[PDB]
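Single chain ahead, written as structure tokens, the form deposited without this ligand.
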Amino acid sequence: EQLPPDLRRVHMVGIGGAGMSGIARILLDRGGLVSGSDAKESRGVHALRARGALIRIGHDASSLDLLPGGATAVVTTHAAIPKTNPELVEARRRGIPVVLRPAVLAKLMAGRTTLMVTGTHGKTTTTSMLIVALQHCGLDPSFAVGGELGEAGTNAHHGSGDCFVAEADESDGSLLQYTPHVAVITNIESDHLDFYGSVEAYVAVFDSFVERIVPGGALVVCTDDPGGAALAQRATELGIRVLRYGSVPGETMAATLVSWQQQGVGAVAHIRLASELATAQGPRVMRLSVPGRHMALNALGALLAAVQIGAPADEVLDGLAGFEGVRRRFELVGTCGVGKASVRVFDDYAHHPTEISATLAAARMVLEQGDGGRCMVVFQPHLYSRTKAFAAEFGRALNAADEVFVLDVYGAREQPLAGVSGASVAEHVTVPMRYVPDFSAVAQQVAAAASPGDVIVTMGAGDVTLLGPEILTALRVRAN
């Protein structure tokens, strides 16, 4: 019905980021005044300026005079903006509150039925599936999706509905700012510990989050994941409603993946829903337009979340059938040639060994619908520390491909470690492999190694996504 007083005139430091931009859009659509600052001009800055936001390029204290009567709050994000930023200093000097993005999002979600999706990976896809399912059922939920894949998949919308669907980051402690009515948890793996220092504290963030669920709420949780299954048990012992989904049958399972197959038109799964949800007809068929069995598991999570707020299961399944995937999630970049002899180039954000194995299994199942292609992966390791810790597991996961090109480590503002490179991963791969540390040489080499019917996947969380188009060009030039 209203914005809280602290959110009426908001100045956003780093407003050009996709998450900050979505928050600013929602603020504006609910009658807020927004000013901001960013290091670099971009299309998001232009769009926000066009909607009435006063945005200065570059950070400077004067930006705090843009709003009439001064800013009621300054919104930053600790991951991107340092505490030594001039505008944060000026804000603390005048006594203007400084908040992080998740607190603002929590204030925006207040008064709605909130569906939060978290987990180590698969958050963006599951949140997007849930949003698409709800919209297919005629609803107009508010939402804020994105984060896990960087800018990819990030979007936000102020809706007329009573629901608010949000992706919750678990890598920086944002989880604990939220109060979910329905909490979905895709998995809990031993990663993203850089903020927590230990597996134990990271796992504990999820227990605290589960405790934050409103009375009478529900936790949808994947139980094929070990951390997820343990957390589901712990949550059941707290008295909380627990909707489990996975592949192992059980009396305490809300939804079960009985079978899954990849076909030429798309994927098809057979599932069993608990009799409490939906109807007595036992086995349901769930078709999907996205490849991969793990996508069917994600879809089960979104389905249970949607049913919890009163959407009919069959119509939700219809809506999930039309989900097309998000950017950098086995995303088709392009095709060279036609039919069975065509070479397809895909893009994927996978950077955890489980993600790598899942993506390569999906690629192999896609290949099995063709007539004899090969799977070539172009993998860019994501961090020096991650590479040093996980190189053996990375190479083991990459062994699922027919050919592997390994790029050098993408640093991502991390301090370089002596003795660590992409070759640290390349040492552990058993299948045909090439180490290509020169970025500009990659595309050509891949184009030379391609055969008709091949599936090519650029994989990684950094620069590697830019190689998809180039490869295609280098393939079409090769077509003489």
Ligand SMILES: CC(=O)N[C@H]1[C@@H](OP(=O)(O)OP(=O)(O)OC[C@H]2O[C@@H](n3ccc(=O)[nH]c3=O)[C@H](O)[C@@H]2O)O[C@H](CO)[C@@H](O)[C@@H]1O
Contents of the next structure:
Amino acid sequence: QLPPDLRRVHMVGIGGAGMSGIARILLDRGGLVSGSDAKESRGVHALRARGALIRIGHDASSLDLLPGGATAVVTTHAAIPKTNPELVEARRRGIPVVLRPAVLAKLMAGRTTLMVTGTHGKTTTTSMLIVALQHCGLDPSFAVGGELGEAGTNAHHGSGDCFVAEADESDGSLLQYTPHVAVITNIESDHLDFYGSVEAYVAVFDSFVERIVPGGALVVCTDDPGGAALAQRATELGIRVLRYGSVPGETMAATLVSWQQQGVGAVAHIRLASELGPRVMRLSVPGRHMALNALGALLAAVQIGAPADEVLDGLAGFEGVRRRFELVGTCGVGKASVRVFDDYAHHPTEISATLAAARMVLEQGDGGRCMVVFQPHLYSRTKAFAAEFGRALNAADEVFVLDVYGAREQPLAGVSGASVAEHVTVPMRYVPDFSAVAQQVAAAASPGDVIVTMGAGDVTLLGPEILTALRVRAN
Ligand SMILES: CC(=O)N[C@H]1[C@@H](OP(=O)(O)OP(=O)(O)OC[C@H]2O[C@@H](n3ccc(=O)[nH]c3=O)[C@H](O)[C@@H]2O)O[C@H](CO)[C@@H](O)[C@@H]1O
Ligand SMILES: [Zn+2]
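Next up, the form solved in complex with this ligand, please; the one we just looked at was the form deposited without this ligand.
Let us now look at the entire complex, which starts with that chain.
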């Protein structure tokens, strides 16, 4: 059953992906949901079809939709408190206002919870874990999504005792949750916008590990430096630590012995601990970082008692999450054909890994160039990590640097996309005209090339565009 406060829930910004998933879980567990949204979308249409009362635009009257007033009001992170009319009315009536993580935590209460968190790779690892659990015939509840924006976001109310969730760390949401199994992909020095320091950002993961239930497990990647530091710290605390990575050791639970990309997909020889011989793990997604994500999902799945062999079988079916090297399309056929992929990489490590995966897919292709179209994400992040972005993009045969993506951030003087292009030693261009990109990439294309659109903003739209301009060139 639902808690008393989650009985009648009014949601400001119910069209959002995470909010839509939360609303559907509530509606499936017997609760009444009303809501409001500034912009009409098809998700609002779906929730209306599921009996939710949604008003387009915000108003105090929305709090009179549910019978007997709303027991709670959930709000999105983009809503502004003392100015949104509905939050003002809700605080004027004494109605509680909460964020999505609090409602998610209340929804995960009685179940065995498996959180996945880290600087990046959360949605991919969470999706791998969900698919592995479902391939074993389980039907867990889940709420994946957040890191890749709205890509990969999906929630579901299952009939089982498990609850998989992606837990964001850039806003202090980790402290809202109580994991039975906590997975930590990596801890990098980024997303420090909310913490003001690096020590605070690492202390948030420390406090998250403190929140694990007694008897629970911390799956963690020890190839990442911060991840290995946290593994050691949590081992001192007498907490079950399941380490996974490439470097071997006397405390490894799952060691990546070898990895090789082939045409079908990749094959990785892995080694598991005796409590959990050398096994083979075949994957359909490209890239060596996908092997580590699969190992994390595998450890998390076996901890709750799923057989590792058929969990590997399930991981072998994973075809990927949107904007995780998602194949946009192709012009031509066989060899001498140009393929267009779309990735969400906005961290220098993400960029390097995506470009390495593209290089590996291109190498055993008997000829081709790696052309990337990078769009830096934030003004502050670009002003900070411009040299990192450029040196990362150096792993491509040609670079196209778009302009900086706003993302509601205040424009900094002297900062633009060219701030990254300064540090690009490979052949590159600067194309701030977003309309002129699709043509210039297609004109610069050549048979057998691997084109990647990379960034966390508008760039995802150029994917199909580059394809069209490529088919126009078919003369
Ligand atoms: C991951 C992502 O990119 N977006 C998520 C971000 O919200 P975030 O605050 O980014 O919300 P966005 O601006 O992206 O918009 C998401 C939804 O918010 C609605 N909206 C927004 C502003 C506003 O003043 N009024 C309003 O109703 C929009 O109509 C939209 O449907 O965290 C929310 C969780 O709390 C998620 O549910 C949102 O999907
Ligand atoms: Zn990020």
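Only residues modelled in both forms are compared. Residue numbers count along the first chain shown, from 1. Just so we're on the same page, rigid core means the largest C-alpha set that superposes within 1.5 Å between forms.
Rigid core superposition between these two forms: residue from 248, 204, 176, 80 with Cα shift of 2 Å or more
Comparing both forms, the shifted residue turns out to be 80.
Once the core is aligned, what is the C-alpha displacement of residue 144 between these two forms? Give it in Å to one decimal.
On core superposition, this C-alpha lies 0.1 Å from its counterpart.
With both forms fitted on the core, how large is the C-alpha shift of residue 411 between these two forms in Å?
Taking the core as reference, the C-alpha of residue 411 is shifted 1.3 Å.
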